[PDB]
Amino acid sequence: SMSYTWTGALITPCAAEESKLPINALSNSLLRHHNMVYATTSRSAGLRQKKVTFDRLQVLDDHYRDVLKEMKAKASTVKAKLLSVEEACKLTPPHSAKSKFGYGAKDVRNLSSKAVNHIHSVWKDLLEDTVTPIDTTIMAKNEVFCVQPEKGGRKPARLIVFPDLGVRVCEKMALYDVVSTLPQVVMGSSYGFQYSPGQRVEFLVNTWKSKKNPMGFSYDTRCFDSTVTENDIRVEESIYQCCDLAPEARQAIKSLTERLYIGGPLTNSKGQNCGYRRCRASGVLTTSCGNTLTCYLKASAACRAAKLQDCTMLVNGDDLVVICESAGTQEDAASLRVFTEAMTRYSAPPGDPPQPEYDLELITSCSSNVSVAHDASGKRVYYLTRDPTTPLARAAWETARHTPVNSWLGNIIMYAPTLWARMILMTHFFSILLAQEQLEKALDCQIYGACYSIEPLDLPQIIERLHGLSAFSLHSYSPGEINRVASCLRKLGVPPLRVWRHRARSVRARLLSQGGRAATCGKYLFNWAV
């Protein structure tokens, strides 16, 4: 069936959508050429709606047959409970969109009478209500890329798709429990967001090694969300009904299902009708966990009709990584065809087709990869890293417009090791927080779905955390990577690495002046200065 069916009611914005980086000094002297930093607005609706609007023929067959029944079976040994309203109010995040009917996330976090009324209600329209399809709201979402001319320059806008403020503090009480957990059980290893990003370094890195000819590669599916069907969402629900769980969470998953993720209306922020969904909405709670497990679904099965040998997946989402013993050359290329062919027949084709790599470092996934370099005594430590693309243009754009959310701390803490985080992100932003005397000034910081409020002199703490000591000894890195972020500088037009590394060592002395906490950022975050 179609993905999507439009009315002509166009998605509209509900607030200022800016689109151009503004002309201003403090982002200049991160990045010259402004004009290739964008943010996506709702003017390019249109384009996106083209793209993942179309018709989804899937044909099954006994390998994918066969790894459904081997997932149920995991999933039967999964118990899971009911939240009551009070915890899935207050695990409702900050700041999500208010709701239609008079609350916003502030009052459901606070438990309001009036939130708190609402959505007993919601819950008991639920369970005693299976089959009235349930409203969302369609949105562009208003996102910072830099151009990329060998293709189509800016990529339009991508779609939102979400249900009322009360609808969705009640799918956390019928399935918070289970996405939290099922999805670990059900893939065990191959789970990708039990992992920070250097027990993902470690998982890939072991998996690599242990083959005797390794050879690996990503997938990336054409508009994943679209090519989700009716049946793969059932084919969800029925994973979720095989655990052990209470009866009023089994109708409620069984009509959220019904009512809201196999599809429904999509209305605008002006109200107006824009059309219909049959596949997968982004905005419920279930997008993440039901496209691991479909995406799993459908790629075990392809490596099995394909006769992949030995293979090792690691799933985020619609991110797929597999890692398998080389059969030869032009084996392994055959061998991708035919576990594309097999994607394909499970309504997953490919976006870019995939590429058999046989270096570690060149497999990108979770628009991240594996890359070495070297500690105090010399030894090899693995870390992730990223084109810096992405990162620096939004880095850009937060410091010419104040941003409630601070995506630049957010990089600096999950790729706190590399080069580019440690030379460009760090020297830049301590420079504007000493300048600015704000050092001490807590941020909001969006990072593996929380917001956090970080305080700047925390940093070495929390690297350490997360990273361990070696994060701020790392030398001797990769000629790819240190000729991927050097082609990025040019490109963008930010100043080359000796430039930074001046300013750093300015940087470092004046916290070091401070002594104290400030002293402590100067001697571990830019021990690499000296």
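Numbering follows the first chain given and starts at 1. First, how it differs from the form deposited in another entry.
- Checked against the rigid-part motion between these two forms, the candidate from 448, 110, 20, 117 that sits at the hinge is 20.
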Contents of the next structure:
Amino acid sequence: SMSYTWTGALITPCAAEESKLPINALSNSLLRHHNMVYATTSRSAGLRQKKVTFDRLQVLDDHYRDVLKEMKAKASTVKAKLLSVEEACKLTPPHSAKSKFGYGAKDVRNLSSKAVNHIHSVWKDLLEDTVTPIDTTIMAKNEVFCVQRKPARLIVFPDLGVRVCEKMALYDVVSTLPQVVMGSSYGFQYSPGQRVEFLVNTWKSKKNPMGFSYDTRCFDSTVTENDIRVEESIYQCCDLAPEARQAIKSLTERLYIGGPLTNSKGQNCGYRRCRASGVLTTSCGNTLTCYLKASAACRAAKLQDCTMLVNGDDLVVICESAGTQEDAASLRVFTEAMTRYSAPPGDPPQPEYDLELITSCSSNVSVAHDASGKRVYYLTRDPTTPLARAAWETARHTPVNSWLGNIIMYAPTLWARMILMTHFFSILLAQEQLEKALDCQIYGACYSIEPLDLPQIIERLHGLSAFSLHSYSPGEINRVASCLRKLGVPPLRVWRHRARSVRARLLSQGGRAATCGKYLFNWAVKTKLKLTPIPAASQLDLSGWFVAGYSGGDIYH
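Okay, that's the form deposited in one PDB entry, but what's the structure of the form deposited in another entry?
Lone chain follows.
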């Protein structure tokens, strides 16, 4: 079937959309080549619609059913609970889109009776009716990039009332099921420090390692009715309350499988027969479907001892090599199999024989040295998009502070420490806003974080070495330097100078500000301080950080 059918009506914005990088007094201190950075808008959505609209064919074999049988067997060991309305309301982000039915996210969060009553009636209706398609809104995402332009990504989501019901029915399932079914292969269970450890151990477990990432062309669009019905059959394997069972089937038939699309102005835009990016089960569904299809494709292509690492639609596979001729021919069969399962690639996969050349979750393995001269593996990426977005957020306040999520997940890196840490701590200092909790997304869920808790956070997710890493690789150094040149970002020597200043100001203030200055900026000074375990690091409640992915699932933690 066609992933989408269109009425010809336009995908529309809510407010005005900026595509040009906004510029304030602070912009040039980060980035000179302003015209390199742009944000997507609804006005390029027609180009995206084109791309994501295709027929899907699916041919399912015995390897496919075998793996599926395996997944169901493990899924049947899961016992999952129904969440109360109240519990589910509290999982709702403050900034979440308001209901068409006269209440918003904060009404939900403070449990107003208009919110609670409508939610109760959406749930009742789910139990009563398993056939009537639920309405969704299609919006264009506004995202920031550096020019190479990408058209806007689309987001399809149901009304807030329905989203709270999804939580009630499926939050425990999507939080717990994926690790049980997929074990060590489930990407979203890992801190960055654990993920790199898993990658290295896995590489090191192979006699002759070969790895490749697999980029599916528009994963959501490739997801068929069958796939969505298959993922539901996996949810129903769990020990569920009968109201959860009924709710899950109903959300599946009425929402997940497909339904009508409406713009922000209330016009009918068409119909969807593929994955919605803005539902609770988007991340879990993609991961189950990706791992199912990949595992089955691995058996068809006869890949030796293939180890999967899956994060929603993101797939890296590490296996035994059979030499370059055979590896290359194997990956073609792997791709043919995936293609038959309706997950063809955008870029064709290539085998890699160096772990550091594999990009997965937009990230590659790299190596640095700690205090004791010990080699240390850490995860990194091309700093171009992180810096473009940092540049946007330097002049515009945003719902998600990507800069902050990046500092958390890329703490050990050269660019995050020298540029991102320096720039943003300087800004918090000037505004006396160090104490101010900021929102950011990690693995799709929204977190309220205090910038001053960063030292503890970094210690827990990466280890202390993150505060002591030096002697980065020429590869990493070259990519960073060429990013700064391309973007017009001051050289790293400037950032070192600025940091000594930022550091001194932090230390001057004592308390947690001083802690940040000591741990985050030890690299800036020649005469280093001694970095011991942070007392507060062990006290931090970081449970719920690396349990699951929730991309598009409206989760606040």
